[PDB]
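The chain below stands alone, shown as C-alpha cells; this is the form deposited without the named molecule.
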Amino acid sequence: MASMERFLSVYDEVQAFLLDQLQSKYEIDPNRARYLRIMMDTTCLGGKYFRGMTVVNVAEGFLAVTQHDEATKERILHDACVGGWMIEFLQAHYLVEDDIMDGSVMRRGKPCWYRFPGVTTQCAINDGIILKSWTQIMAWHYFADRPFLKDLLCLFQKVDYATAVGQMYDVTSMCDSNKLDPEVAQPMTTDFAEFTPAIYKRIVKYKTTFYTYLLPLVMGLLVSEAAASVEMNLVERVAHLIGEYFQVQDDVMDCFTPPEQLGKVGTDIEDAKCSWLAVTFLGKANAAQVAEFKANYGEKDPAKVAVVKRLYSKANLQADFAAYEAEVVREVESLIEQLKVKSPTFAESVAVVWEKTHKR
C-alpha cells in the first residue's frame, strides 16, 4: 500500500469511529453528527499533510531496518497514521482559532471556517475546541494498550502548550513589553526596539516549530519504539532550525507572493507583525530609512503599505535571504551528520523533511 492512500484511508476510519461514538456514548443526533462531519472535513482536509505524513515516513524508515511479523508492520503503520492525524487535527484547532483571533478572511483559497454562513464565531470557537479534544479521543482509543501511550500523551501536551505560548509571543510582538497590562489598551511600539533576531526567533520557535517539525519526528520515533536510535537534543535542535527557515519563507511570501497563489491577501505589514522582513530591514537601514519605516508600518492605508514594500525592495533583502539560507543549509547538513552516528535511517528521514522544506 502507498503511504498517502493508507493515510487517507485511516482518516475515514477515525472519522467513523469518532462520529459513531458521538451517537453511542454522547447522545448525538444525526443532524449534529453531519454538522461535525462537515466541520472535520473542512478544517482537517485539503492541505498537503506534510506533518501527518512525516510520522508515517519516519515509521516506514525504521520498518526497513527492523525485524517484525507482518501483522506488527501493519500495526506500526496504522499507529503512525493515527498519530499523524492527531497532529493534523491539532493544526486544525490552531488554524480555526487563529483565524478567529486575527480576523482572517481566507485560508487556502476558501473562507475561514468561522465565516461560513451557518457556522459563525459562536460555533466556530467551540468547533476548534472539539478539534483538539478529538486528538485525545484518538490516542486513548487507538493506543490504549500501547507501551508508548504515556510518552506520546506527555510529548503531545508539551507541544500543545509550547504552541499556545508561541501564539501569545506572536500576537503581542508589536507591543512594548514593559507596557503589557490587562487594564490598558495596548499601543503599537514606536521604537521597534523589540524587532530583533533573538526575539523573532523566540516567536517562531514556539508558534510553529514544535508542532510542525518536532512533534511529527518524535511521534514517528515513539510509534516505532525507536527513541534510543537518537540523541533527543539533536532532534530538537534540527527541528527548531528547519522550522525557523520554514517560517522565514512564509514571512517572505506574505509580503511578496500574489494572493491567488498565496491563497489569501497577506496583511503582516498592516498588522505590524514582527516578520523576518521587518527585523532584517531594521538590521541594515540608515536613519532616514528607519524613520520612513516607522511612519508607515502597521497602518491599513494601502499607500503606506506600498511605501513599506518599497523600502523592503530597495533594501535588497533577497541577499540577506540567500545568506540566511546558505547558513541554514550548512547547519542542517551538520546536524544530519551528527544524526547518522546513531541512526542513518532517522538521519535520512530528517534529510527528506529538509528537502521538502528547502524546495517547496
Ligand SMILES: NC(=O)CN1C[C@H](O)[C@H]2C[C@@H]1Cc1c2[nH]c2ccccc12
Contents of the next structure:
Protein chains: 2
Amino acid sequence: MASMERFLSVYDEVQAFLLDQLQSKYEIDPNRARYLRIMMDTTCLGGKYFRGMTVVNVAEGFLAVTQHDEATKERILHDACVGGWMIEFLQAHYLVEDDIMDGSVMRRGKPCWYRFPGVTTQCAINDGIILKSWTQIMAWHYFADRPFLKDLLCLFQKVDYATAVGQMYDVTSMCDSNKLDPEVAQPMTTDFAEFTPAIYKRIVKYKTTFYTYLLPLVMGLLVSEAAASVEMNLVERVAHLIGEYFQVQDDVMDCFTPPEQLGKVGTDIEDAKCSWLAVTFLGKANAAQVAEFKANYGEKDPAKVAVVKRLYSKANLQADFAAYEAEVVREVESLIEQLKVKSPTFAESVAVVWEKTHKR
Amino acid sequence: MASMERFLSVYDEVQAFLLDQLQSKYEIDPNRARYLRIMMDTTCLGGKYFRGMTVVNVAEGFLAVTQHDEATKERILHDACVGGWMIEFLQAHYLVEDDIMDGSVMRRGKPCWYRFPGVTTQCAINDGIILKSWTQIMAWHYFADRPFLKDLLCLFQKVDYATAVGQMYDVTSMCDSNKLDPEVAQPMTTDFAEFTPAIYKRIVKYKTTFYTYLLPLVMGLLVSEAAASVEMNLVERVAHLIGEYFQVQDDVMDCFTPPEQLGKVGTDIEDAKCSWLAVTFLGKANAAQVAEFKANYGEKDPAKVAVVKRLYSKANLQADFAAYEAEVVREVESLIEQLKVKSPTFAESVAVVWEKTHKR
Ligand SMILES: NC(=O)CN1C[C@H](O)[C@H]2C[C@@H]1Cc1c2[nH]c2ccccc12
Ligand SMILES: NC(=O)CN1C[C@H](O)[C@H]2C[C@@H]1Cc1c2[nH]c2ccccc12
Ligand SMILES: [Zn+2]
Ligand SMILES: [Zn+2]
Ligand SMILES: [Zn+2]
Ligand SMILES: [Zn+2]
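Now that the form deposited without the named molecule has been shown, please provide the structure of the form solved in complex with the named molecule.
All chains and molecules follow, beginning with the one already shown.
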C-alpha cells in the first residue's frame, strides 16, 4: 500500500468513527452530522498532508529495519495514520480560528470556512473548537491501550500550547512590547525596533515549528516505539531550523507569489507583520529606505503596499534569501549527520523532510 | 482552612506556575506575561466558583470519613483545588469564545473580554484557546504521577467535546434542521416545531450539564480515589437533572431579572433562542398567542421583544415553573436516596450541590 492511499483511507475510517459516535452517543441528528462532515472535509482536506504524512514516513523508516509480524506492521502504520490525522486536524483548528482572527478571505483557492454562507463566525469559532476536540477523541479511541498514549498526549498538549503562544507572538508582533495593555488600544510600532532576527525567530519557532516539524517527527518516533533510539535535543534543533526555513519561504511567497498559485491574496504588508522580508529589509536599508518603509508599512492603501513591495525588490533580498538558504543547508546537513550517530534510519527521514521543504 | 480560602490561594499558585513557566520555557517577555495575567484574572475570577468548589466539597466529604495522614489530606485538597481550577478555566474558555460568537456586550457587570480596547477579537479568540490549553498544562504538571491522571484527562476530554457539541446545538436551535447547510444562509424557523421539551433537553444536557455538574462531581470522586464507591449511572442522571434545572433558571433570569442583578442585558428573545420560556409558552398557548409569538420572536426591535415578554407574563409561566420545580425536587431527592445505597457521603455532597442550585 502506497502511503498516501493508506493515509486517505484512514481519513474515511476516522470520519465514520467520529460521525457514528455522534449519532450513537451524542444524540446528533442527520442534518447536523452532515454539517459536521462537510466542515471536516472542508477544513481538513485539500492540502498536501505534509504534516500527517511525515508521521507515516518516519514510522515506515523504522519498519524497514525492524522485525515485526505483519499484523504489527499494519497496526504501527494505522497508528501513524491516525497520529498524522491528529496533526492535520490540529492544523485545521488553527487555520479556521486564524482565518477568523485575521479576517482572511481565501484559503487553498476557496473561501475561508467562516465565510461560507451557512457557517458564519458564530458557528465557525465553535467548529474550530470541535476540530481540536476531535484530535483527543481520536487519540483516546485508537490509542487507549497503547504504551505511547501518555507520552503522545503530553507532547501534543505542549505543542498545542506552544502554537497558541506563538499565535499571540505573531498577532502582537507590530506592537511595542512596553505598550501592550489589555485596557488600552494599541498604536502600531513606529520605530520597528522589535523587527529583529531574534524576535522573528521567536515568533516562527512557536507559531509554526513545533506543530509542523517537531510534532510529526516525534509522533512518528512514538508510534514506532523508537524515541529512545534518538537524541531528542537534536530532533528539536533540526525541527526548529527546518521550520524556520519553511516560514521564511511562506513569508516570501506571501509578498511575491501570484494569488492563484498562493491560493490567497497575501496581506502581510497591510497587516504590519514581522515577516522575514521586513526584518531583512530593515537589516540592510539606509536611512531614507527606512523612513520610506515606515511611511508605507501596515496600511491597506494599495499605493502604499506597492511602495513597500518596490522597496523590497530594489533591496535585492533575493541575495539575502540565497545566503540564508545556504546557511540552513549547512546546519541541516550537520544536524542530519549528528542524527546518524544513534539512528541512521531516522536521519534519513529527516533528510526526506528537508528535501520536501527545500524544493517545493 | 476554609475551603474558599484554600481554593483562592491555589489560584495564585497556579497562576505563578503558568507565568513563570512562560518565562523560563516559552521565552515570554514581561509585558506579554502581564497581558496574560490580566487576561487570566479577568476571565477566570469574579464568579461564584461553584464548579470548582464542588470538586473541593466532594473531596472534603470523603476526607471526613476516610483515614489519611495529614500530608495526604493536604495533597487531596490541593488536587481538588487544582482540578476545580481546571474546570473554572474550561468555563472561562467557553465564556470568552461564546461572548465573541454571540456578540455579547457584558459579562459579570464588565465588558466581555473581546471588547477590552487592547484585546479585540483578533487576540481574544486566541486568549480563549490559551485558557483551555492551561487546563492541560495544569493537569500534566500537578497530576503527572497521579493514579487518576488517565481517567481525569479522558473525562475532561469527553466533557469538553460534549460542551462544544452542545454549543452547536444551541446556536443552531432556531434553524430548521432539514435546512441546515454550510453552503446556504439559514432562514430562521417559522414553525418553531423544534421548540420542544425533548429538543430543549438535548441542548441543555450537552451545552451546560456535563461541564457544570457532571465534571465537578466526577472530578471530586477521582481526586479522592472514590469513584468505585458510587454508581456512575446515578451520578450521570442526577447531574443531568440538576444541570437542566440550573439552565431553566438561567433562561427565566435572562428574560426577567433586571440587568444590574444579571450583570448583562439578556438577549435570548432577540437571539431566537430555544429557551425554557419559549418552549413552555408554546406548550400552552392558543392559536392566536402562537401566531403573535411567531410575529415578534427573534428580532432586535424592542417593541417586538416587549410583545414577547408580555406574552410570557400573561401565559402565567410561573405556574409551569413551579410545577417543573416540584417535579425536579422529587426526582433529585429520589436520586439522592439511591446514591445513599453505595455512598452516603457522596449523596450528601449531591444534596449540598442541589441546595446551592435550588436557593441561589
Ligand atoms: N485600520 C487598520 O487596518 C490598521 N491596521 C490593522 C492591522 O490589523 C494591523 C496593521 C494596522 C495597525 C495594526 C495592525 N495590527 C496591530 C496590532 C496592534 C496595534 C496596531 C496594529
Ligand atoms: N438580523 C438578525 O439579527 C436576525 N437574527 C440573528 C440572530 O443571530 C438570530 C435570530 C435572527 C435570525 C437568526 C438568529 N440565529 C439564526 C440562526 C440561523 C438562521 C437564522 C437565525
Ligand atoms: Zn494569523
Ligand atoms: Zn504567511
Ligand atoms: Zn452562546
Ligand atoms: Zn442564558
